[PDB]
Every structure is written in structure tokens, then in C-alpha cells.
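Each chain is listed here by its residues.
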Amino acid sequence: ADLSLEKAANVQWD
Amino acid sequence: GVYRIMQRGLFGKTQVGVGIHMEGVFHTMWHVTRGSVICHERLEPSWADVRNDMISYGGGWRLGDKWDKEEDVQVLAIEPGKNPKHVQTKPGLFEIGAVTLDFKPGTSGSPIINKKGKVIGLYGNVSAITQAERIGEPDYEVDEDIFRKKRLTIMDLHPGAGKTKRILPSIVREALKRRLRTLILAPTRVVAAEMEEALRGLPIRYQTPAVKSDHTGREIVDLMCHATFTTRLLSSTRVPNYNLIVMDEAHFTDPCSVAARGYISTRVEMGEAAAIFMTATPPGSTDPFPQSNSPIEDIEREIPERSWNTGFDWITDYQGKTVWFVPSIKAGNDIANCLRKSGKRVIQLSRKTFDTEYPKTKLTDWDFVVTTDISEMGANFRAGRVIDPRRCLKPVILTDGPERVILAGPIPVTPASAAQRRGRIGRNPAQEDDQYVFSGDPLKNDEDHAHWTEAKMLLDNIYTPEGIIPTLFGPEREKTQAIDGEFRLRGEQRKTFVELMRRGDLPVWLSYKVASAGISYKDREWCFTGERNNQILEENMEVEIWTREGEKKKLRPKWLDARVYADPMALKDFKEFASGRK
Ligand SMILES: Nc1ncnc2c1ncn2[C@@H]1O[C@H](COP(=O)(O)OP(=O)(O)O)[C@@H](O)[C@H]1O
Ligand SMILES: [Cl-]
Ligand SMILES: [Cl-]
Ligand SMILES: [Mn+2]
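Residue numbers (the authors' numbering), protein chains in the order written: chain C, 49 to 62; chain A, 21 to 61, 64 to 116, 122 to 152, 162 to 618.
Worth flagging that the hints you see were computed from the coordinates, not collected in a lab.
Treat the hints with care, as some may be off.
Unchecked claim - Below, computed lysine-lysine pairings styled on DSS-like, alpha-carbon distance capped at 25 Å:
#  : chain 1 : residue 1 : chain 2 : residue 2
1  : A       : 91        : A       : 142
2  : A       : 594       : A       : 558
3  : A       : 107       : C       : 55
4  : A       : 104       : C       : 55
5  : A       : 185       : A       : 145
6  : C       : 55        : A       : 145
7  : A       : 104       : A       : 33
8  : A       : 142       : C       : 55
9  : A       : 366       : A       : 608
10 : A       : 377       : A       : 357
11 : A       : 104       : A       : 91
12 : A       : 531       : A       : 618
13 : A       : 104       : A       : 145
14 : A       : 143       : C       : 55
15 : A       : 558       : A       : 589
16 : A       : 618       : C       : 55
17 : A       : 396       : A       : 380
18 : A       : 213       : A       : 186
19 : A       : 248       : C       : 55
20 : A       : 594       : A       : 430
21 : A       : 145       : A       : 112
One chain only, chain C, in its complex shape:
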């Protein structure tokens, strides 16, 4: 049950 990360998007409006 190991945990990893993947990019989704940047913090922005619209």
C-alpha cells in the first residue's frame, strides 16, 4: 500500500 505522486495541473483560475 505504498504511496506515490503524479502531476495534474498548476494552481490557477480558469
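Using the hints provided, position chain A with the ligands relative to the given structure of chain C.
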């Protein structure tokens, strides 16, 4: 920015939530990770809230923005197996801010974006907007290996990290649970006085240099100045068997602080104590621009050395408070006089006036503090700008002919100094446009600095029952060529050396010169025996003294220490010493 948090199966992978980087802190909700490590290739949990369901990785809670109760927000929903979708909505009050949007399992921890456009909370758990009300901290789980005998820890978290105000109390609280005999060292009395308030409830006892030792037999923590510790070591007939010594602002390079580090280090080496040096800038520091709590604007430009008539409008046009570091009291007098001419309210700080003047920087209002390097040692200012021409005077022992001490320079400060000067500001998370205005490059090499050999004069005269001569702290040993024990005095010369410093208030080099010449404490003939060039001047006048037995004599010392006459308080003190009243 926004990251999917995945859970590895035997051969698959599923999204269990969402998190946010900044940096350098990864933010998500507790129930998503349950405090487990995540890695992009490891991120360790450093702050958590289980009741409100929040957790952060790599440091304290970075996102301190909140919903203004009125406007629209955008949930940047990161749904598993779906593209990132921005959804605008209007939250309501129920008091808790909440959105009326529903996203499917795995989207918990999605950022809710401000207008525009910071993150004001996390989607998940009506659906609530979960947001922390806190600043940091992160959390200081005290490492118990810092309490082992024969261990020395350098606690070098950046300026403002919380070493003094947050970590130190924690350690003292912990050391008291372990029933350790604890000593806390502060750079100055006023700083110690500040520490006394922040250690509220604890059994801390402030120790003055007027007492040589003070043993109660009770579970009690001693608090004292770096210099008080050293003075007690030179004068007390009692060995102080603390098994934990915390020195705060351990970058202090005054001889007494240097000697203290060496003794504490010897004590660690013998196996009798654990030691902790707290400073963002330990010996050997190279980085003048370290991390801060808030962004600093580092502005490089010409800075006046004395009174100016034009071309520095930026100095006086500035609308906040400024801390201005000068190389000397005299340079400070010139700068302060110029500022007051423009109707600016200025407070001046130096070593000898620090105790009276520094309190006023809190309970009066001012525009400028004009200070010597002494403000690098834990002096806190509610200010927005540092002016730092990165300049200082350096005491140097000259051997070219008759031995004397001069103040050389002004010369460039060490990188450590520049960092600590800069470090006065950017400490307040709520204040993001602090300025560091500076000129010139810093200078590493200070091998010719009188403070290191003076440190060895102190060290060589502390005796241990083990017969070991205390020596300079490891990283500081290269800073003098002086031989271990070459400054050791005994019997009456030793006793007079200590007394000339303790009651005479003389510099170490001078006190050593007089005592090792075989002169008794009360004998002042040497203040008048010097050659033509040793004539002391004050405000452009040849100083004449009215002696003990009623003679009017020119102040003309056999040994010339510039520090007794470059500092106006030291001159006044020295004149009293020469007169025989002291
Ligand atoms: N009286 C006070 N009230 C509130 N905050 C303070 C006070 N004194 C200091 N602070 C803040 O506490 C934080 C940690 O300070 P401190 O522990 O002195 O940092 P350092 O790690 O440099 O020793 C800083 O942001 C500082 O501005
Ligand atoms: Cl520091
Ligand atoms: Cl000073
Ligand atoms: Mn500090």
C-alpha cells in the same frame, strides 16, 4: 502544483486523494495518507491535525489564504481517471465555509482556488472547505539523541525558524523530564530577559556575573549570558557539572562567547555533557542570503558612510522602520545626526548601551535604529528594512614594534554577519515586502582578529580538575596560531588578570598585558607611564586625569588598547579606572 496521490497494489495503481505543493510543503487531508510516506523519487510528515483532517509534508502549513466570505471560488477538482476540471461556485456559511459541489471518491484534497488565485482550502469531508488557521510550525519532535553525553548538536535552522522561541523551550521542558542539570546561555541580558518570559511556568533562574556560583540543590535551569558563564569559570572555586548546555545565538564572536564554546566543547569531549549550539550561521558559514519566513527583497546600492546632503532620497522617503548596521559607534553618531536633521526619530545601539537602549525599541516609537554588530545576536525588531553597508571594525593585535591593539577598517563583514544582519527582517509571515538594502561583498578571512587569541587567553586560564587545558571549539581552531597554554597565568598574576576584566572592565588583551607584567590590580602607574604616542584623546582633547593621591596626569597608558578609547562609554569607564575609583 496539484498532485494525484496514488496507492500501489500488487500490479495496479489507484488514486486515493489529492495534494498540493508550493513549495516546499505538500498539503493534503489526513484520512488520505494516514501519516504515510509519499515519493516522486521521500516526503516525511512534519505537521498534522486529526480532528480537522489536515496534514503537511516537508514543513509547516504554507497556504495561509482564506475565503473572504463573499466571493466565488474555483474547486480545481482532480478526479481519478479524469482530466483536471475547474468548477466555479459560491460557498455559504453554516461557522464553517462549505461548497455545494459533489465529486466522486478519490478527489478528496482538491484545491479550492481564490480570486485570483491562491488556494483557500481543500475539497472533501454539504462539502466543507477545510483550511488551517495556523502559520507553521511544523512540529518539533525532540530527538532524544541530542541529550547523550559526548554529543554536540548544531541546531542550524534558518533565521526565524523558531530556535529560541519554540525549540529551546521544548528542549528545556524535555530536559527537565529527564532530570538533567541544564544551563541555557543567552548572548545579552535583555535577550536573556526575553527568554525568561518565553519559558513561563518553567523553573528557570537568571544568573548574574556578580555571583561566582549559585547551587540550590533543586530541579532548576540556570539562565545566564555567554560572558557570565566564562567569568564564573575564571573565578569560581566550584566546577559547574551541567550535563546539558544550550548556547543560543552561538555565532557570537566576542572572546567570552568563543571561549565558552571551547569550554563547552571540552566538556562534551571529556564525556561530562551534551551540548547544543543554536545558530543559523555556525562557524564556517558562507551563505549571506539564507532562507527566511517571508520573502526578502535584496537590494544592492550605494549606502552613505557619513552625513549626506543629496542623492539618497530613498533612505528618508521610505515609509516603514529601518535597522541600519554601522561599523562603529562614531559612524553611528554621524548617521544618526544626519537622520535627525531630516526629523527622523533614531535609537542608537551598541554593546555598552544595549541594555538601556534596546528596551526602548519596543515601548517607544522610532523610525531608525542605528546599531553596531551587537544586533546580530538575537535582537528582534518590528521593522521592514535593513540597511547594511556590510562594514565593521576589527580589533587586531599589532606586533610591528611595541604590542598594541588597534581597530582596523572599516572592513567587510563575514558572510555569517551579513546573513544575521539581513536576518533581522523577513521574519514575519504576515509581512511580505521587507527589504535588505546592502553594499559590497562579505569577506571570509578574519584570521588576524584579536578575539580568537583573546579567546585563548581566557581558555588558557580556566583550570579543570582533569588537568585538561580547554581549547577552541573545533571549527574555530584555525582562526589563531596561538599555542595551547601559552597564555596560562598562575597565582597572583592569574588572579589580577581575572579581576582587571571582572571589576576593572578592561579588554582581555589589556588585562593580560597588565597582569602578566606583574602589576597588582590597584596599581595604576601604568596608565601614565606610556610613550608620547600613547596619549589618549577625547573629543579632540588630550585626556588628563585627576589621580588617586591628587595628581593631575596625562592619560598615557603603557599598553594601548583602542577599545578603551574608541567607545565613549569605555573611555568614561577607563578614566574612572585610571583615576583609582574603580
Ligand atoms: N513576542 C513575540 N510575539 C510573537 N512572535 C514573536 C515574538 N518574538 C519573536 N516572534 C517570532 O517568532 C518566530 C521565531 O523566532 P525565533 O525563535 O527568535 O527565531 P530564531 O530561529 O531565529 O531563533 C519569528 O517569526 C519571530 O518574528
Ligand atoms: Cl540564527
Ligand atoms: Cl559596540
Ligand atoms: Mn534566535
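Hints versus structure:
no. : hint          : result
1   : 91/A - 142/A  : holds (12 Å)
2   : 594/A - 558/A : holds (16 Å)
3   : 107/A - 55/C  : holds (14 Å)
4   : 104/A - 55/C  : holds (13 Å)
5   : 185/A - 145/A : violated (48 Å)
6   : 55/C - 145/A  : holds (18 Å)
7   : 104/A - 33/A  : holds (15 Å)
8   : 142/A - 55/C  : holds (23 Å)
9   : 366/A - 608/A : holds (15 Å)
10  : 377/A - 357/A : holds (17 Å)
11  : 104/A - 91/A  : violated (30 Å)
12  : 531/A - 618/A : holds (17 Å)
13  : 104/A - 145/A : holds (23 Å)
14  : 143/A - 55/C  : holds (21 Å)
15  : 558/A - 589/A : holds (17 Å)
16  : 618/A - 55/C  : violated (72 Å)
17  : 396/A - 380/A : holds (16 Å)
18  : 213/A - 186/A : holds (20 Å)
19  : 248/A - 55/C  : violated (63 Å)
20  : 594/A - 430/A : holds (22 Å)
21  : 145/A - 112/A : holds (16 Å)
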